[PDB]
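The chain below stands alone, shown as structure tokens; this is the form deposited in one PDB entry.
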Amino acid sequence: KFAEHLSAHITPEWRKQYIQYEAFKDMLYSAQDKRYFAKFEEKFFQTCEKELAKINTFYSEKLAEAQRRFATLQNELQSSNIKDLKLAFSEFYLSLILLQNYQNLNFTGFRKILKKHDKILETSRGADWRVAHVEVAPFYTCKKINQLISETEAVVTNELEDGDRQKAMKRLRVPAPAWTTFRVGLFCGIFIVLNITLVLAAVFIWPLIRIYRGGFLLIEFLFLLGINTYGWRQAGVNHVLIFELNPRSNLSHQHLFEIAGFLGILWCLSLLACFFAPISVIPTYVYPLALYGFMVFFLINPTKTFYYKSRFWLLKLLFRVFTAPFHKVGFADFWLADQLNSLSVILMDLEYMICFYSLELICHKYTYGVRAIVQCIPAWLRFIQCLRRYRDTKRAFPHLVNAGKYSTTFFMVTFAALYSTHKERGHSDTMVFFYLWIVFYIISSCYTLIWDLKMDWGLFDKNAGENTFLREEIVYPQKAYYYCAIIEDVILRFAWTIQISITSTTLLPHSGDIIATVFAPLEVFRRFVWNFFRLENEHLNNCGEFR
């Protein structure tokens, strides 16, 4: 069972130089089927000798090659792109490890085959020839690879790692805790009690339901995204690959639950301070500023603490999203920019908070239209991202019809705002504008719903078969989930568009903010659900085509 081990661990590149162990076993078998045995031993040992010679030659060649490579590498390092030199060093070390493995495999193989010969031929001169020719010859007796590996570890540690031996050991030959679950629980408990205190304080404002709706939607989105990370990692959907995250260290669901719990503790504490007004030297309007200043400082924290790698990945992702038509559209850039299409209320509320704190401390009506643009920003991002994807791949259908799906948000918002500004000023064409808004509402709702179900989710496939109205490969355990989500998306895709249109117009105040406050945390739920089946379709059928 060494032949299988060899053929499985043999180096693809040097598949020749390895001892033809299977061929030697074939030779021995054919032999076992005085002169006969004598001449067989003669020819067989001649074959072993030329094999040993070949291994010696190849080992010497690649040893000299690695010697020169280490020489050029030490020169180029002495010259001072630095991470590129690090990568070259790691490649060289991997090559050295591979060659050492080759040497060990050949040694073990020679011993095993010679032992097989000894046992089969009932002759002890086999091990004699072993200890005579092998173990006294180069490619086994030589240890230059050992010292090369030693000097390489030393040089990377003292130049590149500057003395951090363990981190160098991680950089080379490289193959949720208890405290994090405890903190997830701590923050969920503090958050539960603070929410109960919040409800009890409310029982025993609209410029303050608009400044905390932002925080509420963001924290709900982070909790639900932690649930998404869990429900992906537990159905095998490799999100680590699709997002292009470092597969060694990435956030689990407990780290998202902990980030969301902490931000929720901050939100609840600020809201409480707004109710049970503590020390009255500082007014009420300072707690929203303190809350969002703390959130933004947690995001752009310069010191490498508190999820530094995660926060800065997110910051690069946001920079690449908001300056959209320039960077090439990854998948994280398509995912994020398609989840500001549901957190559009966070942008509306940031804009309203800026307005209010500047001018009202009017702002909720169309601030000359600055409130109808900041609503179409997260549809503009995706419109132009799909336009760039069409400019790159030059595939007309998916990307052009995608951009046509997001243009309907522009048209719907525009016609809602125009019909509003016309009805309040009592023009004649108000009914015409209302008809146009109704048409484009139906269009955008059906457009986005159809696209969701067909291209985003892959459902309604025609190779359905047993999985009625779905695709063939389903990853989620109970088939009720997909029907629940189909019904849910049909319902909550008209809700989202009606909420956008209503938030544009100033016609229905009161019922223009109990709607945009009871429909806004529903549409983050709808995005939390769409995440499941979009990432599933990306894993299975690669509908996005980012890899």
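By rigid core we mean the largest C-alpha set that fits within 1.5 Å across both forms. Numbering follows the first chain given and starts at 1. Compared with the form deposited in another entry:
With the two forms fitted on their core, the C-alpha shifts between the two forms stay under 2 Å for all of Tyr212, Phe191, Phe110, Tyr447 except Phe110. With the core held fixed, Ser90 shows a CA shift of 2 Å or greater between the two forms. Shown in the overlay between the two forms, fitted on the rigid core, is a CA shift at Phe525 smaller than 2 Å. With the core held fixed, the Cα of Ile300 is displaced between the two forms by less than 2 Å.
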The other form holds:
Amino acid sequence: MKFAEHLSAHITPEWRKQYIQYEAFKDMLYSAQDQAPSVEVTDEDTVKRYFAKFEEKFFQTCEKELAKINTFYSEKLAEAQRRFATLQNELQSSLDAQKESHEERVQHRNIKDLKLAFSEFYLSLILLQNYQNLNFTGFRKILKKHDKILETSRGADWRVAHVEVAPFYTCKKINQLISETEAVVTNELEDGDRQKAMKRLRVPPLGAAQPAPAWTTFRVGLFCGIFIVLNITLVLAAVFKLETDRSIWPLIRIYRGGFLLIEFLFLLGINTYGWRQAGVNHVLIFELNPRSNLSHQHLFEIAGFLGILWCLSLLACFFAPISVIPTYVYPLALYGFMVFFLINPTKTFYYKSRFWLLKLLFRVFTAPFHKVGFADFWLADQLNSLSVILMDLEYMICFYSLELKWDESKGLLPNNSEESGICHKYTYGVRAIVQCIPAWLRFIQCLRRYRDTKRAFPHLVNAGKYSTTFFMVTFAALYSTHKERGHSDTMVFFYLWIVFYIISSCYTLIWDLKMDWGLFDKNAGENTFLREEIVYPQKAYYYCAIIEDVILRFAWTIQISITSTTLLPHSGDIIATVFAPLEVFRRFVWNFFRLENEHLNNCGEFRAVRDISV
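If the structure you just shared is the form deposited in one PDB entry, then what does the corresponding form deposited in another entry look like?
A single chain, with no partners or molecules, comes next.
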């Protein structure tokens, strides 16, 4: 009925330019129909010749499209045949080695990677088959549509004479390859059982708009509604009922991290939805499973549940829920519940994503030794902007270990004490390393990448980009320490520090535009100050992001400076609280164009599957 959006939603992204231009043909046909003058205005010969010339040009365009499709199909078939030959040779070598302990574990890894390579090959073959079917359907539908407006029946004859003889339609090699692959997998690997072998080779409609189950959407809406109502109740309770008898700073300073985490989860769900809709293949970049994947609804549901728990804990800290449990227990219960949810060793509640995240975290935090992929440095980049949660963790540990006297009530709020503040300082040393941890991780990753791929431009400069944070933080700490000690030269520690402000931002900002986002290209074309090809439909997004990155970069250096050095102590807490939720927004904007620039490097290579070895 509606072929346009069906074709749009069933297109393989990396081959989007290799399909048929249905919409262009439709617009051309409509323009030709409208351009016809009146019967009386022009003679019948002029109308006849106009129709004839338009038909000729239409058929020339159709011939060009058919030739392009045929060439693409032939190249893909040749590539598939060569890959099959290579895989069969490797499988034969592995099986003859197996026929003739550490050797057993090596073999286990061998048939661990081989059964994945075969699955990837099967996915490629299925994608080629779908491409062929969809292209033929589009040709037939556009010719049928043409054969109605013009009322000249020349499209049916053209289809019968040209498309029906096309090799892209008359060849059966893909089906034979599929059958041989199934036979090889069932015989050599799974040893005679078609059930599990077919189960691991099933291709669900991954290249479509497969809706989520209605229960997931219902849960998302339920959690969102409870969250907004609890938020309104919390705001009213804070405004009306509570009096800040002994400050609420050790309360917001503890509850900031959970709010930041929930906001990050929500924005990540939005990011995933945008990637999926815009046509960016993040599954190939992140090296995920094409058949099993997490949609944005699951992330929204997780964020909603976490927000429900956070709001309930804050409300419990607010009024007087239980008259026997001390009020300094609720944040502990909340964070313990978060940790328990993450590291649950059972097989429930997205058990297939939590383990992947845990292994990724281990690899990230063991940076110098493990090899570096896209996911590792992407997660390290996220942790770079998510350091406020680490700061809150350190502050909460030092507040509970030393400052709060557990024997009274109202443990959390009243910090009424003599030396209240021994934790709101920096002089013992541990306030700068906690903030320099992620920069150190990225610096070490860049060093390892340069060592492996010994090409010193991208990585040594990238490694030097993260080193400016060390200089800035150490100079801020030194200036604050000498100000507290009242040295007459403290002001000089101000001066150079200020330049290490600018040298920081102007560094990273440039790397954000030229290298991370790939803008300001010399082949910009019509798109001014951008690159030649853009995925997202509107340039206003690009211009607004360019505008906002500049502003949000400058108020990242100032937040990390004011917060580690802990200076100007009358508005530092409020400014840090205000500026914390802007860092996540900046990173959320950055992710879009970072992954879009990464994706466009796989569109000139026509790569659609994750190539693997044994």
